[PDB]
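K.L.:
Please take these sequences and the hints and turn them into a complete structure.
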Amino acid sequence: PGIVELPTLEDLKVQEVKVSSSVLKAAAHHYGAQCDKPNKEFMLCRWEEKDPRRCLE
Amino acid sequence: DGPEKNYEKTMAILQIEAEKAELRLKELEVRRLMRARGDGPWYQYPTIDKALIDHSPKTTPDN
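Protein chains in written order, with PDB author numbering: chain 1X, 1 to 57; chain 1h, 81 to 143.
Careful: at least some of the hints might be erroneous.
Using 27 Å as the maximum straight-line C-alpha spacing, the simulated DSSO-like pairs for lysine-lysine come out as follows [to be verified]:
#: 1; chain 1: 1X; residue 1: 50; chain 2: 1X; residue 2: 40
#: 2; chain 1: 1X; residue 1: 37; chain 2: 1h; residue 2: 138
#: 3; chain 1: 1h; residue 1: 138; chain 2: 1X; residue 2: 40
Residues of chain 1h placed beyond 10 Å of chain 1X at every Cβ, according to the derived structure [what the hints assert, rightly or not]:
#: 4; residue: 91
#: 5; residue: 102
#: 6; residue: 117
#: 7; residue: 124
#: 8; residue: 142
Since the hints were derived computationally from the structure, they do not count as laboratory data. Yeah, the Cβ is synthetic: ideal placement off N, Cα and C, and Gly gets one too.
P.N.:
Here it is, written out as structure tokens:
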């Protein structure tokens, strides 16, 4: 009953961080407060827009 | 007493019975009607109140 609209793989070819888990955890505290503004914007979108496809940008 | 008493009194008896008779016929029709459609005061079978809904943000965005 419709189309499950999915984004093309083009916009999914975004640079991904290549670091082991401990690297994230070690600098997690020094990462959260210093990159909060985009992090909050994305996760606000996740809870507000409620749809994964909306917060791709 | 005079026949007027019995005449008028029986007229009231007929008036009361007629209204009662037509009301019962209406009652069976309405009861049938609103049982089916359901858009009536009675026969409103219980549902779940919307108040018991947690609108607080969950731990997962997809909600």
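K.L.:
Evaluate each hint against the coordinates.
P.N.:
Here is what the structure says about each hint:
Note on residue 50 (chain 1X) and residue 40 (chain 1X): the hinted pairing holds, with a Cα-Cα distance of about 15 Å set against a maximum of 27 Å. Straight-line distance between C-alpha atoms of residue 37 (chain 1X) and residue 138 (chain 1h) comes to about 21 Å, which keeps the hinted pair within the 27 Å bound. Between residue 138 (chain 1h) and residue 40 (chain 1X) the alpha-carbon distance is near 16 Å, which keeps this suggested pair within the 27 Å criterion. Distance check for residue 91 (chain 1h) against chain 1X: the nearest CB is about 66 Å away, which clears 10 Å, and the non-interface claim stands.
Once the 10 Å rule is applied to beta carbons, residue 102 (chain 1h) is consistent with being away from chain 1X; the minimum gap is 50 Å. The beta carbon of residue 117 (chain 1h) is kept farther than 10 Å from every beta carbon of chain 1X, the shortest such distance being approximately 28 Å. Every beta carbon of chain 1X lies more than 10 Å from that of residue 124 (chain 1h), the smallest distance being close to 31 Å; the non-interface claim holds. Non-interface status of residue 142 (chain 1h) relative to chain 1X is broken: a Cβ of that chain comes within 10 Å, the nearest being about 7 Å off.
When each numbered hint is compared with the structure, a violation occurs for hint 8 only.
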